[PDB]
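Single chain ahead, written as structure tokens, the form deposited without adenosine monophosphate (AMP).
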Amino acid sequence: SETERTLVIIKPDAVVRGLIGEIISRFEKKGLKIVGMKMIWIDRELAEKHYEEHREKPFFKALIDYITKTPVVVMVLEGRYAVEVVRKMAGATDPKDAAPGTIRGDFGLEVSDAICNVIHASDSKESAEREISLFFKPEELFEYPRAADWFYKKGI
């Protein structure tokens, strides 16, 4: 199955700037399905867990202050090769490097002690699975049809 799920976090800079809907519309427009979503306020413990791979890096602390600065919207996107697709849609990590057309390329630039880059997107299928489990319980993820789902069915 080419169908997979990735985790997206609309970071504090996007929420504060009122970019939630515009970010969501890009995924819906692409044809990606939102199977799970909710606004939460990430606490230090969960933040460090999500970014446990950066535990031993200089910028770590700035990154924690950042993702926990205000509530965020975490969501699970479902679709064909969603992980690489959503990663492509996100753009380069540093928004100034992200190309015009991507989420970071159009909405990101300014930074604090952390490289504020609009959203988070699972980098691999493996990370996707770990991160989705860290923010969502099975009961929060749903299976339902989007309008055009019928159109793509593999013949008879």
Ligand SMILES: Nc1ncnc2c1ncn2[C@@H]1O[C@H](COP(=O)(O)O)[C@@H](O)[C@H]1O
The other form holds:
Protein chains: 6
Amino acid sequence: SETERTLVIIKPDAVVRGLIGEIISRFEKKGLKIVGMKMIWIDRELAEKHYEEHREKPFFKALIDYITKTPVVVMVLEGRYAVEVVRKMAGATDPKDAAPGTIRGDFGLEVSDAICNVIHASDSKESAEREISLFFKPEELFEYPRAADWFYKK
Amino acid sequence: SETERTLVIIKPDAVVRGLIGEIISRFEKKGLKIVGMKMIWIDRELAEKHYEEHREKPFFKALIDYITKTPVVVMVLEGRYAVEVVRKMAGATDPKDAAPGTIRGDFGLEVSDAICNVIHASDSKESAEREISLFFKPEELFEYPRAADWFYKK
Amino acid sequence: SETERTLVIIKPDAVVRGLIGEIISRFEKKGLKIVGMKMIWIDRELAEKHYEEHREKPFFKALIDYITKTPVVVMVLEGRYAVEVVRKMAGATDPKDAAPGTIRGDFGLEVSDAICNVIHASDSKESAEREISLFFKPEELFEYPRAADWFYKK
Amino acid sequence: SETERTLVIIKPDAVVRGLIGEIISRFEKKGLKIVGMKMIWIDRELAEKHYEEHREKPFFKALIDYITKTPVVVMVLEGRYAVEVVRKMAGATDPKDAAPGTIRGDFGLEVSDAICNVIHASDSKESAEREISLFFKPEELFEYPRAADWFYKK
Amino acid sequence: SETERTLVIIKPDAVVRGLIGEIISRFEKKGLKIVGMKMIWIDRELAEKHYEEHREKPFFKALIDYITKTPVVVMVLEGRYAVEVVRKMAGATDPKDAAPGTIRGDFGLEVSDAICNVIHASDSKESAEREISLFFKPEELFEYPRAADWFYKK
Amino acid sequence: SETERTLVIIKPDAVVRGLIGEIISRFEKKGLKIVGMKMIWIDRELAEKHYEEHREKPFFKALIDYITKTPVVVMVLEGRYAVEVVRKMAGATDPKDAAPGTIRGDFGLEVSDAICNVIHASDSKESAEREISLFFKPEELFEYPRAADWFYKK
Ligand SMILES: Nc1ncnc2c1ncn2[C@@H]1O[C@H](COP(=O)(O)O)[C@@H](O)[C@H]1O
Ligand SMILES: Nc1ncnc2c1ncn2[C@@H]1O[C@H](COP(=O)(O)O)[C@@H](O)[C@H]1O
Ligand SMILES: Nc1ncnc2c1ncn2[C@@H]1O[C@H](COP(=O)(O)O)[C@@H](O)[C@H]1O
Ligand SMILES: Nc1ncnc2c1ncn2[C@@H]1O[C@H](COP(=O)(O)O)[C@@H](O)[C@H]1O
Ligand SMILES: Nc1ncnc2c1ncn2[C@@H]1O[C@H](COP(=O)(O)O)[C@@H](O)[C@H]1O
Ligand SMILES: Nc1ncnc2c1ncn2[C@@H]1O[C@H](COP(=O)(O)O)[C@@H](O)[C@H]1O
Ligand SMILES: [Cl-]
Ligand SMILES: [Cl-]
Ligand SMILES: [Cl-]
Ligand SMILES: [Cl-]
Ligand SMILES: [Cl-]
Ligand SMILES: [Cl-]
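Any chance you could show the form deposited with adenosine monophosphate (AMP) bound after that form deposited without adenosine monophosphate (AMP)?
Now the full complex is given, and it begins with the chain already shown.
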């Protein structure tokens, strides 16, 4: 199947700036389905598991400080090629390089000790599966119809 | 303190229509703070507890069918006189009577066996406290700063 | 049935100002269905038939000049109590008196010899039936499903 | 002259999802002029004439089923280099590959047996002339001033 | 003439929250013309002159502290019955009482020692003339055409 | 420091079309800070100083006629790598070539004797310093906190 699930984290900078709704709307308007979502305040150990691949990189600690600064909204988006699509929608890692039209391109720019970039998006299907399991239990993910689902029945 | 918390449920009709983000944005833009939020699928037992006061009213069964139709997003909003303010933003119970500019006035109209009206908003501080405790555990509610909080320091 | 059809004319001032899309979106977002629509350039004869009830009123000539100034978009909206709902969304006849949130309240203000007010909305089911028949042939009106129609199945 | 006319079809997926207004607004905001527009329900024979160049391609029938699934809105846009400009605004054929900011990039993703992609846009001046004639009679196209036309007088 | 000019001050809370553009857009969309505008940082002397009528009221000191907290944007709007129209668009003095759809109703809520309410709007033609002369020199106010001005030629 | 200041001119075509607010909002939403702004009607000599680098180019006079056609809004934006960022946000010089998502890509297209392109953005730090000094005195530029500034403290 082409339908995939990916993890998105609306980071502290977006939450603090009141951009939760605007970000979610971009995904809904694209046709992506929110199958799981919740506001949580990530603890350092959970944050380090999420970013375990960067544990030896210079920006690691600053990244942990940043992602755990305030509560965030973690959500699982489902849809055709969702992983690559959401990555495209997010834009370049550093918002200053992100193209206008992308989430980081339109909303991000300023940085702290960390490169604040509005949201996190799984980089691959493998990472998505791992990340989703880190933040969500199966009972927190749902299968339900969005309004236009019937239109695409093959 | 004038600051209070109220419960909002983004109902199945809003979730199915992809209006989660637009609704959240209206609250964020107003200055209200999201201190708790999660997508859940309410079962009949939980639904009947939430609407226990209407247990004997005619529209009860249809109301339970409606609120449990698909997952919903339950969220807690915090702010100055949040309870009455959110009710004002919501608009008339039946969307056809809701004024343009309100959530129900701009997004609602069509009904099923139930009067589908986009969101639920606690009708009082007493109801808010009861409803918040019904859907959220204390650890799921947070105290953190929104960008402009410092501006209002009294 | 509570479902009805009403006629809306996006007037010359709205067409010239590039507000066709924004007006249509307000109706779509409300849940109303566009069952007919076309851009036409009304001539004096057709205009006088549409406004036949004002044939003797003072503002008649200026009203005809206004509605025939440039092409307009005539459209038929279908929905629960569509006639009164659309009138409510339109706002006060003179835009200066229209409430913020309404179409006239948000988009209208300036006037010519005529009280330019962005759109026309049938004032009753009787007027709607007459107006729809004046601008549309039966084959130009359609019955089809909007995405969320299934949700409201009674 | 650099002024051209191109044909746009707001496809069934966009109509069903209630995106007619949002799409039209993008063209109006760009400065393009709507010189013709109407909601019609395309018949199979007309659809096959429109897509005659793909009659021998594997996806042909699915394309006909898709474009005739529900009514659509056909419109003619006029403006400087309108053909190439509207094509750029539409984005990649498959919405998953379309850049954020484009119509397909922001609104499309899910597919049926056909690659549902929100709108159709003439691919060349030659195709535009042919397509416009297929859906519109000369009496349905208009020459009138948009608000800012005077500003660009050379 | 029904045309008049009124003074609007986009207050510190709106500037700090990044709402300058959204506020200006509401006036532009209504059809009002910006004939003067500038970002300035009001000192106590200028602030007290502007609010001279409240010199003896209880909230005076806090009001001066508020309006001089950060730079503001002062602007002059011109249009049909602009004074009362802008007051209508602004909404109730205390944002919690302001109706959804109005500027204060959609953007304001939280308060400091002062009733932060997003913008200031002249309360009468007499006040407008005084306020405009206080903040602007004649050479900073312009007479020019907005795109659709020609449409309203009487 | 990475923080820079750049000059933006909302050109006559944007002012006439009522796009001042929408343009400003894009900068505010990106996180850029407006440290100076005012509506002025540029005189030919000032315009020629601003565009002194093009004095010998064929389109020079038409450019002067265009930039001095009606009042404009000049503003100084401050932020991380502001010069290159604002240039990216503006898009290609000729709006027809500008990517959807950029200011010129979304709002520009039509041209007069001059290539009307909505806004001007300094092309380099050197040009920015020179251009800012041409339109602003030091007393017209301010240092103040935007809501989220504290979040990025390093
Ligand atoms: N230099 C950096 N500073 C702060 N965070 C970073 C930096 N580089 C990468 N990150 C974080 O790691 C994520 C993935 O980066 P990458 O795997 O290189 O695409 C980025 O989206 C940020 O969340
Ligand atoms: N008359 C009614 N008919 C159907 N549903 C209703 C009615 N009144 C209230 N409800 C439902 O119960 C909710 C709360 O009503 P209330 O107790 O008046 O605040 C409404 O938002 C609807 O979801
Ligand atoms: N007093 C008036 N002055 C000028 N035009 C009017 C007036 N009343 C109504 N109209 C025009 O006639 C339309 C329908 O009016 P009504 O019959 O009151 O629904 C209004 O939307 C205007 O286009
Ligand atoms: N694989 C496909 N499935 C469904 N429709 C397609 C497909 N390929 C092309 N189309 C349709 O044909 C149009 C033109 O495609 P093309 O000429 O290759 O740019 C597309 O915009 C669709 O409307
Ligand atoms: N009761 C009040 N408490 C605090 N501030 C007020 C009050 N009334 C008015 N103000 C401030 O003075 C401004 C003008 O008030 P007004 O004279 O009623 O038009 C209001 O917009 C507030 O900025
Ligand atoms: N052909 C042209 N016609 C009108 N204005 C132009 C033209 N070329 C350049 N300009 C103006 O000069 C600015 C800078 O152009 P450039 O330095 O080539 O990037 C453009 O953004 C316009 O403001
Ligand atoms: Cl990018
Ligand atoms: Cl209401
Ligand atoms: Cl009204
Ligand atoms: Cl693309
Ligand atoms: Cl109000
Ligand atoms: Cl570009």
